[PDB]
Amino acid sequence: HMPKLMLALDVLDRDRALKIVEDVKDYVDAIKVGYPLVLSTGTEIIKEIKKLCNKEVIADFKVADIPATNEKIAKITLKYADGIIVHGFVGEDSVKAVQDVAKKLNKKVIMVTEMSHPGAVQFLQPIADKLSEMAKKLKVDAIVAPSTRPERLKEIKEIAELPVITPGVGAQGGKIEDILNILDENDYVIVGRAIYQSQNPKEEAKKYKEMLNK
């Protein structure tokens, strides 16, 4: 009944990736696999990860193209993954193209709203409330909203009325204690580098999991 922990597995080597998954599996609740890993290893890594930890695996592919292309990417991705992350800024039709594929396969679609890095302020932040409204309109499964700006995370979550997965804790300077009050059992805190760059990923994953006790 606490917020959950999602590992952002952005390593570049299959062996290192599988090793980290094995090490952290008792403490992580889902694995987020992105293009840094997938372009290095191929989509086959997704099924391998899943068989190793028996947890949900989300493909963070930041899908951001026209509907026809989004549909192709979604079909390939969701053969292997349990869900897929899509950008909202490219427009409603592009999001729906991914949703249509995910609905037929019973898979999750997660939409990016405001992002966590400084550049997000330039274009994403001024329309992030409207992205949040769109996520609510489209009934996506969850949204991505930023740990680095707790006030915005709260605001975005309350507009969307959807579960969040939230990145920014650790390497990007976000701190668990500053967002813990905002999150519930249906949310995930995303942690990448703070876990995968450590000499003892098991211990760090355990530390982060226990930090989510609220």
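By rigid core we mean the largest C-alpha set that fits within 1.5 Å across both forms. Positions refer to the first chain, counted from 1. Compared with the form deposited in another entry:
With the core superposed, residue 172 shows a C-alpha displacement of at least 2 Å between these two forms.
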The other form holds:
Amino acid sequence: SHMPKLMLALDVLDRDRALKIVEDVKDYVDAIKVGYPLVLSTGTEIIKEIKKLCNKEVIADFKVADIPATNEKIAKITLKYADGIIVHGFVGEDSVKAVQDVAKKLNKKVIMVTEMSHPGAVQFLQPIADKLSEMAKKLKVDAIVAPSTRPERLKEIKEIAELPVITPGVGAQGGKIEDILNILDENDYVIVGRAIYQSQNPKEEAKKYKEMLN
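What would you give as the form deposited in another entry, now that the form deposited in one PDB entry is on the page?
Just the single chain follows, nothing else.
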């Protein structure tokens, strides 16, 4: 009923491997997220190819973080084949708007990083985490990316942004994260990565993680 969507973080370097996994998991995942390490090797052709294959939403996790003019150019090339793009809010409103303006014309999505979970985030990013979710709400982006390391914190984030959230659905070991599925709904996404893509049988893993969402 109110089960979140399953987003695969397809963090492999080899395009053949990436394509094999996509074909294998397409019936169980709702979205595929690709980043620069995969895309940088051969360019955006891989996003196009992933799209010839699965007919599911493809999100480019490119952490866009430049001036408006450059953000616009990155957005245009990226959203040619991707369905959505992930941007930083820390570079300011105008930079985010530049990406949104491109996405709107294409009926595609802009997703803002409001909060991160690596240790270094504590210094400058975390102090403004609420300011970022407020800006995501103001600009009406399509979704935000934020951590699930603290369920109570995830609830606070959703309540400020009032937007779909994309968040990890499993911990560092690949096990279920407790007490977040009751916070999320059918417009949110949970991310699973290595626990699927490092398997020799990614289909069975994707099936397992999809069923985990009840």
